[PDB]
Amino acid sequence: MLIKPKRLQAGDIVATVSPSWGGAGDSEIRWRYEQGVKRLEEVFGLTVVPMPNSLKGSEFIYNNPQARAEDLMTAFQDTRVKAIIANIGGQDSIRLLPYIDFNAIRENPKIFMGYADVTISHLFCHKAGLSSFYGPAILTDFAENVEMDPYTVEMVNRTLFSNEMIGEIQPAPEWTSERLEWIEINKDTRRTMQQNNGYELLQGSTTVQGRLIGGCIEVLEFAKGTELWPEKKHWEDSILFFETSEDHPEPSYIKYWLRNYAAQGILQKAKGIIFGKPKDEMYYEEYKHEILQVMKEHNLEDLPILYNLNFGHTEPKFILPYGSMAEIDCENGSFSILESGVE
């Protein structure tokens, strides 16, 4: 259904963009952007170019959604650019909708990656028929202090640099979502890691497969009822993926949002669901309760649901290509992606 982009290799040009929060250009955060760029260059051998408006600071970017859209279009129409990586999420990229040229995306298939509010930009790509990548961003992942997490590095290599099958996604040995201020004084401080416990199967007893769709569950709400919402066919036999933001949405909202997916008939079309580890593991237990209660309310207690995966608002993370075939193995408690991320 979706176009798969070509793989990356050393020497390729990558564009960085600010479709949401324009913090990367602020003077006190700039060192952090530059640190992320350095890893793209040294660890992955890439060349990085910032789009013209992407570093003009949070105030300009907030007031100029059209200029943000232009940056995206510029990056897509530049044939030298082989991948596009968002600097960071935010909250208001839905304002870009009027100014997006979907054909400029459709005609220029390439890697587009990010998460959280960048979910909206992923829906741009999706609507244009392009498979994009729910994954690490410049400021939060590539710019990790002292060194990048080996796990994230591995998943970037497996998903964007190898054209082989991604295969089974093993859980990360450790995780963190500790708040460490992005001021240069902290650049040589490591974040504290916690031991990770691996995946949890909330319900389900069969092995299922289906194509990946979803994103940040708070942000997906922004697109409901708009032209940006994926057509009915995209939800058929899908594997839904959801993750929650740093705002720690209350469990009751997780319930309301999933009820709406049922009211849309989406939960009844799904082959399975996977959930990202909540930030700080806040509401870890309470979310399970609300998820299972909704499944019970709608007679969907046999639907495979996998919990505590390493995507979303904790580090490190793996990468989810929209539309790629994925598998939940309930007898084994595992999750796989049964194709390559790139051509």
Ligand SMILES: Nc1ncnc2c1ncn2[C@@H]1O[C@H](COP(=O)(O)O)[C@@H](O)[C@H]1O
Given for the second form:
Protein chains: 2
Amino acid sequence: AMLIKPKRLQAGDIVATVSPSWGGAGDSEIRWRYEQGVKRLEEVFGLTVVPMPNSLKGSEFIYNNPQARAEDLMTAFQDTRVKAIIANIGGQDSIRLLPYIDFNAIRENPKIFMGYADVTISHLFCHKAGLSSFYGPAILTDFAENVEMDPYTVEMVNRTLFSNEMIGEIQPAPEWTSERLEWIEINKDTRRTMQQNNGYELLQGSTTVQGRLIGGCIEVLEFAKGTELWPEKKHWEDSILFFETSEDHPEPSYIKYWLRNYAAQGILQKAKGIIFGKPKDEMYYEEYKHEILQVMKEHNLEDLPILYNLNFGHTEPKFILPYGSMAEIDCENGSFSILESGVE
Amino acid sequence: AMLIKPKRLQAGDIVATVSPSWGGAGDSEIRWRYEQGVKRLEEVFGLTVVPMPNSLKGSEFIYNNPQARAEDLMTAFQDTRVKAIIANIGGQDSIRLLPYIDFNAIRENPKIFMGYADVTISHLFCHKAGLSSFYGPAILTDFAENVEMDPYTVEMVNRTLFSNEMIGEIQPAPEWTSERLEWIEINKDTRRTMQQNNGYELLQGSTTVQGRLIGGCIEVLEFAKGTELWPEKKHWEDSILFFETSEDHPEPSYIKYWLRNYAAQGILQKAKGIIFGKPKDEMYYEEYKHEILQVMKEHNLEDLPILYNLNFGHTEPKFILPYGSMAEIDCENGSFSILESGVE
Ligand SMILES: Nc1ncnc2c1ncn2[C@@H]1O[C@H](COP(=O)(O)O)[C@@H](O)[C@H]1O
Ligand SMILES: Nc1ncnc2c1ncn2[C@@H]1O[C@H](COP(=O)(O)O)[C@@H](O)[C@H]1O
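Same protein, different state: after the form deposited without the named molecule, show the form solved in complex with the named molecule.
Every component of the complex follows; first up is the chain already shown.
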């Protein structure tokens, strides 16, 4: 282990909400959605929520003030009352925060940080500071789910952030959705239609392997390549890579190119295994498979275990991936597990 | 200066053709196109052309044998009779040659190497070896133009590779084209339709600047980010960046993302200026300008000289960009110049 595992959460703890990417949470027509997400944090998990100063000032201000976003993060980390930090939503430009990050402030204040998509960049901030962050649900997409939170997501939050015992095997969700239901309050009493889930798919591999988790949104990780934010070499040794595709539905060819680059970096050659999240709307589901298996064939990595269609990324519900945690891919059973606690 | 400048070309010299990317040149229905290109090298420039052993074995073989492609390049460089090397065509997977390149062989054998698009990777082979290469025309796309080569392209070959005098100002071409005329022999007698060219556009900047050239195909450069092929930091200081978009017409959003990454690397903050090639078919011509100016605005670089719509990239005709050569953007006149010879 080379990342600090933060302290477990419990009822009464204060959680901070932040907008390091898109600042729509503060927009007039969206605010209701944010408040809905806060409600579940307070009622289902018994937590106290506090928005950081600049977090709800709207999308226009947020976009024009990357420094203000950084200040919000630093404030949350440097406040010892804050036991956890949760992103409101992803976006596309959180990379602009890099010049304003005091990594030492993160290093000196280990605590839970969670989010996904463009929040991958913020996870890399933590990662560089030697802090294990959590690739998981955000306020507006998961906690603010209309009518009721998904029991699957709730369970995984409990198991990951409220328990210092081994997470164990991650079962596949029974249902999933990526249906677009506009975030206007007129729809708050409307449930999203669910789709039956078929489970995980083993694309290749014939062995049981263990490695430490690293990765995120495959599109956003590209933003950090070549930068000082990219993880040091040792973080890629004996790893379990995890990738998920965003809502832009990246064309299959780009997956191929991006994976080719991971081979050019020597990353795929060091991996113990790889896991892929369900594509949003299951778009390019079969096409991505082709591109992935092709790259492995190109670099003689056809024995590398790859698990597909996992419940993380841009579909609901989702489980949580702690960065740096020991994970397992059992090819014989086609199962996936996390072999330790997410928190102390 | 850090890159070695190769010796000037002249009639009687031997030129090697290579397929470091797509191996179509050897394909039955394309071979004629290769031979037509060779014909111009012989008759227009008085050069002897020799294909490398694996360069014409077809697209299937070449795709499956990246090591064979590498060996072809090493052969050409290490053969002291070969005074120049020209890529047949681009592609998308020349990054796969990386583990098979002997950079020392390139170092000990300075000579002309030219091509564009996916050949950018091969330029980075030369670059890492400290050899100045030439972002310029290829066999199948330029030297094999039906009926006759564009005088503009011929002029730039002569001014860059046959003269050891200063290249000087690069005037814009009077006409341009990117019309898809199938490379089947039945079309050899058909000219491609030309479009009037309107000249360069200054997107921003108000001061004359000078710096050394570095860049290539913006999509292909992403393939090398994070790898040991990426040029060292010193090469990016006081440089003139040059980018051009490929035939796949990359969505404007990706131009923004990619340019955001250059800022995240600190490259844009080091540049003296930037030049962009005419997009293929002028697709996203206006859209790209918006994305470029947005990124400059995000990172407070609205004074950085940016010249737009130059005659290099995936349109014909072309001029040639020698890596590492001193170049100039004159904002007063909106002109572009290369302030030294391309060859010794
Ligand atoms: N105004 C909106 N109404 C409903 N859903 C939205 C809205 N804006 C964004 N979303 C969804 O929220 C997701 C957030 O993804 P990300 O920004 O990657 O975290 C998007 O992919 C959309 O599916
Ligand atoms: N069989 C073909 N017939 C006509 N044009 C082609 C053919 N194959 C490739 N091209 C063109 O050649 C260029 C290839 O780009 P690159 O591979 O980047 O050099 C593009 O402009 C293609 O449209």
